[PDB]
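Consider the single chain below, provided in structure tokens and representing the form deposited in one PDB entry.
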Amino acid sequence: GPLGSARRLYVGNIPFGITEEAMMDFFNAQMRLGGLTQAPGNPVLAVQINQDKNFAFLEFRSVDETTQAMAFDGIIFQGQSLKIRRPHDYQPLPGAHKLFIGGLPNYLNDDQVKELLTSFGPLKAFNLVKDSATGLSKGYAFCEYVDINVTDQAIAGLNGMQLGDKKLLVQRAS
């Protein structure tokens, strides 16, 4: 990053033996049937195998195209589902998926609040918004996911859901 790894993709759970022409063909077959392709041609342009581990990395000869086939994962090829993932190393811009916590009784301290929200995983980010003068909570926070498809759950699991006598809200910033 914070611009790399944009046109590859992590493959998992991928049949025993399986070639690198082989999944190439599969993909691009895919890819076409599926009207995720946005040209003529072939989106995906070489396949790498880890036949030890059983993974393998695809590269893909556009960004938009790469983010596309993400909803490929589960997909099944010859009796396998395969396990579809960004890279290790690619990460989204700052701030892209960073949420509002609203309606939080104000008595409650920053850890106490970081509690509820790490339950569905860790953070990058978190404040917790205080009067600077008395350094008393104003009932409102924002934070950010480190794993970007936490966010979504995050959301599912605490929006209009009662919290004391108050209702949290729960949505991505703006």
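Positions refer to the first chain, counted from 1. Take the two forms, find the largest set of C-alpha atoms that superpose within 1.5 Å, and that set is the rigid core. Compared with the form deposited in another entry:
- Among the residues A56, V44, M31, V113, the single one whose Cα moves by at least 2 Å between the two forms, once the core is superposed, is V113.
- In the core-superposed comparison between the two forms, the C-alpha atom of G12 has shifted by less than 2 angstroms.
- Here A69 does not count as shifted, since its C-alpha moves by less than 2 Å between the two forms after the core is aligned.
- For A22, a C-alpha deviation below 2 angstroms is recorded between the two forms after rigid-core alignment.
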Second form
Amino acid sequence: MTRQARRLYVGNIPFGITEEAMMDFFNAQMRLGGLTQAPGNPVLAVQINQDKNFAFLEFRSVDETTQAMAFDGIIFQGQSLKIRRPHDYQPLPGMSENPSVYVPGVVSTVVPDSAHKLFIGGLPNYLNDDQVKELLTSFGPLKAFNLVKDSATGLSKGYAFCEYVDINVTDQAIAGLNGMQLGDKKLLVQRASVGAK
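Having seen the form deposited in one PDB entry, please provide the structure of the form deposited in another entry.
For this one, just the chain is written down, with no partner chains and no other molecules.
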């Protein structure tokens, strides 16, 4: 079966989201983004594990599944959706593994360790993914971003990682944010290599 090549993991889903709302969101986004490859819905079903905070999407075609990987990081009800292959996915012969389209405004959640990867610590815990992304985007467009959540409670842990499109924005964000006081917290903004364990 092509079935594992027609399914995607979606993490960090909004609390209380229904399977139908998730399906409507992705079917509409696929059509609006020009990713859908025929009339009708590309997403057939959604299974939510509400307790563990993830969903699986099932698509009608291998190719539309691949294109939907381009939605990684899309904001849905304030949250950056983490879109991933199933762990047992294996590319089929002759079928592409990576998406061929770009979705304007969608920022990847995949932030690899790299020279200019930034750590941002001390963020107020009431800021959602969208608001932290907006804070960072004020300095320049992002290539990648993730805000770290507690996997049991879903609450922000108050620190994030990001990578700017322009490597030179990195030091501008550091200058603008490092050491800023918010309540009892003080932002630490530095390249993530500096304080990694």
